[PDB]
Every structure is written in C-alpha cells, then in structure tokens.
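Engineer: Once you've looked at the hints, dock chains R, A, U, Y and X with the ligands against the given chain E.
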Amino acid sequence: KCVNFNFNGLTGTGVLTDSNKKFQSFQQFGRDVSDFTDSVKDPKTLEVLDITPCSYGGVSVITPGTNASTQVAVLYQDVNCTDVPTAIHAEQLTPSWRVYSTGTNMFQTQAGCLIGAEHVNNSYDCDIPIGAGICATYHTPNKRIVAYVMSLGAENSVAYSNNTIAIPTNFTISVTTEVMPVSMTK
Amino acid sequence: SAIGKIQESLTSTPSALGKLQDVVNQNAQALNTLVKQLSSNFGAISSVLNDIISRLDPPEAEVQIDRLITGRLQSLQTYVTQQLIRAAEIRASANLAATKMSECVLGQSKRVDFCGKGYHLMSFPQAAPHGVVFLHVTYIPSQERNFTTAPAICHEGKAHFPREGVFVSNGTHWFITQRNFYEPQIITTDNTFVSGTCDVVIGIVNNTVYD
Amino acid sequence: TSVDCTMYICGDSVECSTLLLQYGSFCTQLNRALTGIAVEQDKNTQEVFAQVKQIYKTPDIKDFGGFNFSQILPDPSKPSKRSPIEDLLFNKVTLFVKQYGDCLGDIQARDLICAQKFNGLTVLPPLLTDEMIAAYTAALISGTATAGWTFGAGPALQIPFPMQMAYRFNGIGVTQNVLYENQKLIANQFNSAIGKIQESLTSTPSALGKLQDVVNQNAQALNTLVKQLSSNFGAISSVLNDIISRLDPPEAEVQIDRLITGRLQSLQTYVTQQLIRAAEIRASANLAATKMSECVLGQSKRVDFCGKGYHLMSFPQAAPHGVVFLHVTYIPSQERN
Amino acid sequence: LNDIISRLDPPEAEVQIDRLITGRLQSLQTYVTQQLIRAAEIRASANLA
Amino acid sequence: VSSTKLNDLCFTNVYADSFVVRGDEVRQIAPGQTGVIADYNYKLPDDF
Amino acid sequence: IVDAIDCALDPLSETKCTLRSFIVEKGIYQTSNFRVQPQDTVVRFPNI
Ligand SMILES: *[C@@H]1O[C@H](CO)[C@@H](O[C@@H]2O[C@H](CO)[C@@H](O)[C@H](O)[C@H]2NC(C)=O)[C@H](O)[C@H]1NC(C)=O
Ligand SMILES: *[C@@H]1O[C@H](CO)[C@@H](O[C@@H]2O[C@H](CO)[C@@H](O)[C@H](O)[C@H]2NC(C)=O)[C@H](O)[C@H]1NC(C)=O
Ligand SMILES: *[C@@H]1O[C@H](CO)[C@@H](O)[C@H](O)[C@H]1NC(C)=O
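Residue numbers (the deposited numbering), protein chains in the order written: chain E, 528 to 668, 677 to 721; chain R, 917 to 1127; chain A, 722 to 816, 821 to 1062; chain U, 965 to 1013; chain Y, 382 to 429; chain X, 285 to 332.
Don't take every hint at face value.
[Unchecked claim] One-sided excerpt, in silico: chain R residues whose CB lies under 8 Å from chain A:
(1) 949
(2) 953
(3) 994
(4) 1007
(5) 1111
(6) 1116
Worth flagging that the hints you see were computed from the coordinates, not collected in a lab. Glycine is no exception: its CB is placed at the ideal position from the N, C-alpha and C atoms.
Bound-form chain E, shown alone:
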C-alpha cells in the first residue's frame, strides 16, 4: 500500500514489498544511481523490503473533448490488464477511479492496457492516436469511445502485363491550396 514510512529515522513515501535483494551484514538501506532509496532492512524482523514509488507507471487519459462528452478511456502504459488494480492501488482510490481499474471493455495493446474504450474490428482513419497502430474515436456504436487499428489507406492491385499499357483518354485541371507560415509576432 502507499504509506508514509519511518525506518530508524529514514522517512519517505512508497509501497513496501517483500524483497529478494540480499543485504551486507551492517547495511540498513539500499540506493540506486538516482540516489532513490529502493530498499530497507526492517530493524525489528531483519527482513529486507523493496520500496516502490506510489505511482511510477504512466497513465494516459483519452477524451473526445469536454464539450462533446464526459466519458473518458484510460491507457495504463506497459501494464497488463490483469495487473492494473495492483499497479494503480485501486483499493486506496475513489469509487470513480475503481471503474477504470477493471471492466468488460479492457483491451491489451503494445502501448499498455486500455480501459473504457470498445475495441472494434473495423479499420478507420486515425482520430485520437494511442500508439502501436491503435487509434480511438467517439463513434456511435449512445456515442462511445471506440479503439481500432488505424487504416493505412485503400487497397489497389495494379494488373501488370509485359504487353499492356494504360493511356489517359481525358484529364482534369485541379487547383490545390498550400498554406505556409512566413512570419511571427515581433
């Protein structure tokens, strides 16, 4: 659990877990290159405990905009959908957060566990980029946040032959616009 700890005068905030780390005879605490205390020996049981930050995993929130909906989807980066409740400490969270720790709409992506978005097999142009080829949109399946693999474009097979050529019989004059910044406010 996320707790304020005080071991032999050394204080801090974090989650205390059983450690497989081995300590020298008189060592009381362990630190990493960052100088973060990652481990401590309990002065009463002599057991080595790992100290993890209360929130080290990255959490991304996907929204179609507050003007469009208050519905949101949550991406837990590099976390498996089974480990999300432990990774984010859902028992210490509000009932409102616990709704995004589990659910029927849980999809595993290479970017992490996405909760709150319905996964579809249909391919569309990317609207809200999530990562690893996955994008989200506020489509109507009531509108709901939907996650899908982004489309790369329409398929087209050229009929190649050693004795055939396609020649245009007509043309179209097209006018396109190109917008380019030239200056900024002085």
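Structural biologist: Then chains R, A, U, Y and X with the ligands, alone, in the frame of chain E:
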C-alpha cells in the same frame, strides 16, 4: 470552377488556416505564460517586490529580491530561447515559401509534388496573416484505356522506335500516341527512328511504317 | 520521451511538491515542449512514408523484364511485409519498453531504464509500427515496378518495366534503343548492384551510424538527466528525505529550494537539447520526404540529389528511426577520344 | 573568488562561492545554447551552399 | 540537525564531550567562534 | 470562485488538474499522478 471551389473549401470548412492560427496561438500563449510567472515567489517570502522592501531591511530584503530576480530572469531567458527556436522554424517555412514563389509562381516546376499534386502548370500567391497561401494549378489524368503495346515496330529487318510517345494497338491497327493523352497517330518514318535490326529487340512486332 | 516534472524534482514528497508550486508554470511549459516534439516525430514519419494512400499489393512474381526486385520487395509467402535488405537494416541498429513487473523483483539487477521510470522518465511508442512502415515502402516499390512514375501525379497507369526503363534512359539523354539492345546486360548489372548492397551493409558495419548516433544521443541525454538527481547543487544532501527528516520546515525549505532549482535546471537543459535535436531530425525528415517525392515517385535531373551519376530511379527501404534510399544511377564507364 | 575565500570561513564562503558558481554556469549555459542556435543556421547555409 | 526532530531520528554513533567553562565563554562552544576556549581548549568543526 | 475540481475524483478531473484547464480538447493526455495519497504511517525502530 476549381478557383470557385477554393472560395468555399476555406469558407465552408474551418481549420484550413490552422498552420497560421497555431503560430498566433503559440506566441500569445508564450507572452501570457511570461506575465503569469511574475506571480511566482521562486522561494521568496512574496512575489511582490514592494511587500519585501516595505517589511525587510536592505540586508534581508536583498536575499528575497535576489530570489525574485533569478526566477524572473530565468522565466524571461526561457521565453527568449523558445522564441528563437520558433523563429527558425518560421525562417525555414519562409525560405521554402520564397523558393516556391520563385519556382512555382515565376516559373513552371517539374519537381514531383513540389507545386501541388499532379503535373504542375502554374501557381498563384495569395496574401494571408503572418503567411502565404499558394494556389497550385495542376494537370491530372482522369480517364484511362488499356492498349496492347510493343517496344519497337519491325519493318523489313529494321527496328523502328517511337521518337516520342508509345506504340499502341486499338485491336487490329498500330498507332503512336503521346504518354499522357490518347491521340492515335499513324506510324510514319517521321514519328519513328530506326536503330539496329528486328532480331535484337525482345517483343518487337511487325507492322507498316509509311512515308 | 515524456517527463513527469513533479516525480523527477520532488518524487512523492508533499513538502517538495508544495514548494515546487511556487515556481509557477515551468513544469507545464516543459511538458508542452516535449509533447510537441513527440507529435512532430509521428508527423515526420507520416510525411516521409505515407505520401501515397493507395496500398498497391505486392506482385506475385518479383521479376520484371529480367530485373529482380526480390531483395527490396516483401518476401513471398511471408505474413510480415519486411524486405530481405530491411531485415538486415533493423538488425544493424542496436536499441524504454520495460513492463510493470520488470522493475519490481530486481535482486542487484538495478538498470538505468528502471531508474528512468522511477523518476518520471517515460518513452512513448511511435504511432506507425515497423510493419506499417514496411507496408508503405512495399506499396511505393510495387507501384514503381508496375505503374511507373504515374502513381505520384494521379491514376496509376500500368507500363511494362523495360519500357519504363526506356523512358528513364531517354530522360538522361540516352536513346531507348540502347536499353532494348542491352536489356539483359542492364538487368544483370542492376541485379548484381542490389546484391552488392546486401553485403555492403552486412560485411561492413557503421553503415547505419547516422541512425545509431540518434539512438545513442537520446539514451545519453536520458541517462545524464537521471544521474543529475545525485547532485546536491549546494544542498546538504541530494536526498530530499534526508533533508526533511533532519531539518525543521524553515531550514528544510532552503535546502529543498536548492535541489528544486538544480533539478528544474537539469530538466530545462534536457528539454532545450531535445528541441534542438528534434529540428535537425525534422530537417532530415523534410529532406527524406522531398527525396521520396522526387527520387522514388519521379526521376531527378538535379545533380547529386538522388545519388551520384545520372539518376534513373530510387527505391525506399524502412530502417529504425529512418529511411534508406537505394539510388539507381547511370554512370559512363569507358571513353574514346 | 579569492576575496570571498580570504575573508570568510568555509561555511559562509561556500554560500558566496555557490552564488558565483550558479551565475557563471548560467552565463556559460546561455553562451552554449546561443552557439548551438547559430551553428544550425550556418549548417542550413552550408547545406544550401 | 533540528532539535525538534531529534526524537524522530536514530544515530549510528553518538559521542558526548563534557567539560566546565565560565558562563561568558559558552558562546565559544559553537562552529566559527574565536576566543581563548575556541582557540586553545576546545574547537568544533565548521561542518559539526 | 465560480467552479472547482477535486483532482483525485476521476481521470477527467485529474486531466483537468494536470492541464490546469476546466475545458479539455479532444485528444490523449499523460496525467500527473494525483489519485494515490498515503493513508497510514509505518514507524519501525529497533528493540532498544
Ligand atoms: C524485537 O522483538 C520482537 C518481539 O517483541 C521480535 O519479534 C518476534 O519474535 C518472535 C520470536 O521469533 C516471533 O514469534 C514473533 O512473531 C515476533 N513478533 C512479535 C510481534 O512478537 C523481533 O524479532 C525483535 N527484533 C530484534 C532485532 O531482536
Ligand atoms: C532474385 O535473386 C535471389 C538471390 O540470387 C534469388 O533467390 C535465391 O537464389 C539462390 C540460387 O537459386 C538460392 O540459393 C537462394 O536460396 C534464393 N533465395 C531466396 C530468398 O529464395 C531469386 O530467385 C531471384 N529472383 C528471380 C525472379 O530471379
Ligand atoms: C472529359 O472530361 C470533361 C470534363 O469532365 C467532360 O466534359 C468530357 O465529356 C470528358 N470526355 C470524355 C470523352 O469522357
């Protein structure tokens, strides 16, 4: 009709000038952030210089004023570096716009996709806030027909190649046509050149090249 | 890269986070700058590879008038769409992506990546996957093989590959008969040149040094940022908990402020360095996008733009964080006075 | 620096030296960022040349 | 170390120096002090 | 004061607090941790 569609294409659909709006929004946000940094105390007892000077004597006031000077100087230094970064991105866009003005408007571009998609015919510049909008006029092939083709035509024992265009067969007769537009012309010794013999070209076909 | 400013400067300390609020918008400005760089990286890839939205299917046969595209085209009967050369390119650039438990049970397995994650440093995945980029390069090459230079100006128009090469020859001032009379010799020279490319990268390393340097720079920048947390910057300790546990608030705040200022400056230095590197990469990406349009979708007459010699055609190959162009050029070899 | 070290003992001298170290490090950091900015403008000119 | 925090701290080693001085010489038992006691009898380190 | 947000109420509230904006546009936002706060204190000293 294409120029008329440009009127609505911008009018009917917003976000057309998003690149120009983003430059304006970035500058406004940078200045607003710099002003709001004056409300930060940066470790001083107050963000207000007058509150420090009115309550503390010079030796103790100087320590608090120095914390405000350092934080405000750093806020201003952050702003100026951000502005220099944005200025070169805009310089790069301006240099590209100047190059497009010279090559797409003052000339005709053969560089693929430089002056719009398709074969570039001409471009027209239009002035915009903090920027330029180019109207690229391009030729795009629209309708196509499949034809039987050959690398060369064999007359007697001489290989005939098209000077320009390509050999195409409508089904019974062979003709020469330009590559981008179908205009069948009878194969003559004026639209073909002779090189080598019919025994070297793979896929050569026998036909009549008249004069 | 993404940075959680509060977790880097103050970790889980409420006392430090309350003091950090006195600095105003520094942390939010830093996050907006890094988010802009992250979006620009996906835009760079899209501009270079997603120029044609038509995914031309790979032809069943990789032979066209004797020209062998088997080393640059998708591999036949392979669900992945990576070309034999692309397979090597990916193997030559050495590369974070650690899962939640990969940093938990570590007995003397402390790694710089876990320290990065425990201090607020995160790596975001690219929007386009390597397989999606390989699909774009395969589509561009397949289009070039069959349609020619037409799929970059409008409707893809089928043309026999020898004829496509005859047009490319007359473009460089060589009559089309020279190609047709020497078709087997030219096809053999092209096939042999592509084969030499396989070893030219395999046999000799440092071929992808430009791509390896970008990876090495980013790794070094993140490792430097993590190591800056061990600096005391004039404070009695680099550890916030040591200051809070031994000093009362009035004296602790002076020591915490020295750490906040030094860590904020370390993070500000990192973000400026990343922005500088991001534009150099933007410039490289814009040049790559221009080369994709002019060397692959067209035929270049610009001297030394699409390789040395008279440019005939180019083929793109996907690589980690970059693109490799294969420029096919005509070079005069024997001369008479 | 010599005026600070000659008149103050280490605990009080360190506070004054730290103010000089921070200001000089910031002056040097400003210079290096300015040089990097100028270097790319010159790189762009060199690539165009 | 703050005196108010001593009840929350633990120490690896504690040394107790004990002596008698005159009332007006107690100020010299502190870092960076100059005087007969601080110079020739008992000196504390500046990083004490 | 015309409006208020509890930054620890829900993911949308946390996004608003991270962006310091009551209005959030369409997109994906990496949020600062604001949901987990220690509820207990663990004190462990030796058997002295
Ligand atoms: C400090 O004393 C406690 C007891 O007050 C020791 O812990 C107990 O040890 C006994 C014998 O092994 C166990 O049966 C108990 O379950 C332990 N806990 C409790 C709550 O009684 C502890 O080991 C001592 N620590 C040291 C370093 O000597
Ligand atoms: C294109 O070239 C490759 C390489 O020479 C050909 O495939 C290889 O051919 C050799 C000799 O038969 C075999 O030992 C290899 O195992 C082949 N490699 C693969 C991946 O099949 C390929 O057949 C050529 N393609 C055409 C159409 O000629
Ligand atoms: C060619 O296109 C124009 C413009 O759409 C049209 O008016 C004309 O009829 C077309 N010609 C043919 C042969 O389809």
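Engineer: Hint by hint, note whether the structure agrees.
Structural biologist: Verification of the supplied hints:
The criterion of a C-beta within 8 Å of any C-beta in chain A is met by residue 949 of chain R, whose closest approach is roughly 5 Å, and the hint holds. A cut of 8 Å between beta carbons decides the hint on residue 953 of chain R: the least distance to chain A is about 5 Å, and the hint holds. A cut of 8 Å between beta carbons decides the hint on residue 994 of chain R: the least distance to chain A is about 7 Å, and the hint holds. Checking residue 1007 of chain R against chain A by beta carbon gives a least distance of about 11 Å; that is not within 8 Å, so the hint is violated.
A distance limit of 8 Å between C-beta atoms decides the matter here; for residue 1111 of chain R the minimum to chain A is near 4 Å, and the interface restraint holds. Annotation: residue 1116 of chain R was flagged as interfacial toward chain A, and the flag holds, the nearest CB pair being 5 Å apart, inside 8 Å.
This entry does not satisfy hint 4, going by the numbered hints stated previously; all others are met.
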